[PDB]
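Just one chain is shown here, as structure tokens, and it is the form deposited in one PDB entry.
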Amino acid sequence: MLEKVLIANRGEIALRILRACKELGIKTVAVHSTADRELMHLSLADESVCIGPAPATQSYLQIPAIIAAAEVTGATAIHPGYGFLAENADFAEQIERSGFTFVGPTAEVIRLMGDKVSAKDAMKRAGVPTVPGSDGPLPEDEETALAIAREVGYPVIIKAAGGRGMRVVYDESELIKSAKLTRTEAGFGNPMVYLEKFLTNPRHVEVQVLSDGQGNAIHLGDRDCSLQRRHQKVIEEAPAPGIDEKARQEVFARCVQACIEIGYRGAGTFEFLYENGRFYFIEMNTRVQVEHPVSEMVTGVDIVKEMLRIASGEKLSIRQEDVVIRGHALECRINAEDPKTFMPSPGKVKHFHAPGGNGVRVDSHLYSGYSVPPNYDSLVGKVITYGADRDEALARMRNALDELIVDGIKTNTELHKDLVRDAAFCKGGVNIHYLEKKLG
């Protein structure tokens, strides 16, 4: 088992990793900025190093600082969490070159899946397509343009190389004339246009995987993260409800195959747009995600603990047949921001009370007397509920939100209270446009 892990992150995810480490008997090193001296996980850590001043560019993103801290402390592995350096290939690469273990995949794989073109090609080999369109620019030759559009299937969208100069074509009789016109409207200066399928009910559905880098990979089911504001996730659930079971099993199998083909090691997520029966690939997150807990609840697998086991050189443990999705889970991201204007709300928490009881889990670094600093993102806690079915998860989230007190700062709790009583959301299957249209 890994001797000593340096937690190259902050906030709730730092505490999450720390907990996984203690369960496995792994010694911990926390790193923090001067603005983060009050972080809950610091005094639970075996060692703590102040690596720089408040700004993330001068502390948490400083590769030399993190590596110096690892060397001073004798850390044998680094867990980057999510954000910061987690998908920075230069960092993984330095860790490799220095002889440390990275709790995550290789730099090479991070680069592969961090570039749109090479990521697309890797998924194509595994049998998974992207959102249908012209690949890439739509030609001026009429019959080639019409042939591409027909395969894509109407309606189609015609986009400029630059939500601007954008045009929907409903029927193929109007295609040439409309493409023609979208090119003329540039001079943006560039007269390149491409074609993209119009999706009517696009849902964000993503597949969780674990892969040991020794030829084994499994899925831990999927999640729906369609409630988004400015592409920031708000509520997540697992499994994604109302998904065509055949299409799901096919995409699970293809995701597992992809892992094996690209040589993936660690926890990762394949993000898709799901459109009435079909999965279209968007990107792979080559790291753990914020919303991992909902998959933990419905599978009974501890994702962070498995990452650590894999990083220490073990094969999975879990066969696919041992993975059964049971019940339903929900997560609400509690952000220190205005619930209506979404302005961050740094400040002192005079009183923090967490929800409790059956099927209620809380992942948060909040405590009474803690000051949320202005410098970093707004995520302060995650309330996660688990039930026998979606309705029970929702009911438990209603109870949980009623008990949550974060006094002294503004949070998005009221928005959550509205969402778990919202008719469309309670019926289920809302798409990625829902929250922004409803908010205005």
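Positions refer to the first chain, counted from 1. Here, rigid core means the biggest group of C-alpha atoms that superpose within 1.5 Å across both forms. First, how it differs from the form deposited in another entry.
Across the conformational change between these two forms, the residue of 307, 317, 297, 131 occupying the hinge between rigid parts is 131. Note on conformational change between these two forms: two rigid parts, with the smaller rotated by 52° relative to the larger (from C-alpha fits).
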Given for the second form:
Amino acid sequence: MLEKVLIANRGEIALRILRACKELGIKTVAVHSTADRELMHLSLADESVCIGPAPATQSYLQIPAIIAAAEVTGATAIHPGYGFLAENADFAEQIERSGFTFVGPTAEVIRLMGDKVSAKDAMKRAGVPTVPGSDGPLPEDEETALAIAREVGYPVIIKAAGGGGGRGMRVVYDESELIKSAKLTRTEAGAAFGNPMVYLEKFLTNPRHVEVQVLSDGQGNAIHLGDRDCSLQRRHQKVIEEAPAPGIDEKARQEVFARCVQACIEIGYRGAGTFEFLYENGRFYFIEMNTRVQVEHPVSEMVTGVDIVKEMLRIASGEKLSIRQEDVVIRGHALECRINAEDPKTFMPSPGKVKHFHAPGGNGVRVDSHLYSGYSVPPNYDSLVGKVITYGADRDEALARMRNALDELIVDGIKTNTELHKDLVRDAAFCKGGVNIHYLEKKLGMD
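Same protein, different form: I have the form deposited in one PDB entry, so give me the form deposited in another entry.
For this one, just the chain is written down, with no partner chains and no other molecules.
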């Protein structure tokens, strides 16, 4: 087992990772900005190192600072969490060059899947179905671009190859705007991601965001932990997730599970990963693979009883996967609400002192949050303050418990999106289930 892990992150995921280390008997090192000195997990950590000022670019994204924290503290491994340097291949390659273990896939695998054009192509070779589009990038050549779009069929979507966080995409409804829309997206992709390449996909009008959770040990073994539906989105940013995805063709799903697990073994995947799919009319279409732990890993943990982060850390310490697919039984249904410190109506982030925090509880209620009473949320980072996660015998039961949980949650002192969640879990279409990726904004929408 890994001697000592440095947690190269903050907030709730940092606390999540610390919990898993402690269960495994692993020594923890926390890194933090000057603005995050109040973070809950710092006091629970064995060692703590301030690695820069408030701005993320000068702290958490500062690779040299994180590597020096490991060297002084004698960390043997580094967990990147999600975001920041989790899918930064230079980070991975740098830490391994310095003789540390990375709790994630190989740097090359991060690059293979991080470039969304080569990822799609790797999935085609693995016989995993893909969203119809350009076979590779969309060329600047006007004649060729226009012919490709025509063959796919409008509407299409232009997507950044190096894209992330739902940014660098543009939808084109008729051919007269394709070239100028592509021109604009490449420019915007150039600044935001340092790669101006874009590709073309069919714009799917009624899909659901369904994704497959995998774990792979890098020694020939891989399993899935079912799927998740994450269709409720605002600006391509997920708000609620659930597992398993309800109302899915069982044959289609069972087929996609096999393909994904088989791909892990092909490409040599090591750690936790997620294949992201768009599901439409009984059929899956790959869009991307997240080569890290996900925000919404808990719903999958609820329905399988497999601890994804502990497995990650076991794999990283060099262990074979213990769990066989035989033993992975998806049971019940789980629901996650992302609790964000933002305005529930204007979505403007809401930093501040949490004068009083009270967490919901009871049967089938889990809470993952670094909040505590007296804690000040800083302005410098993402708006995620906690995740309320319910579990039941069925989807209706998970929904009933989220209502209850949401009723008891108090984050007094700042604004949250809690009232939005309260509406969503009473929304007729969502309570029915299987709403598409366009539903929330459409709903919001009517205003």
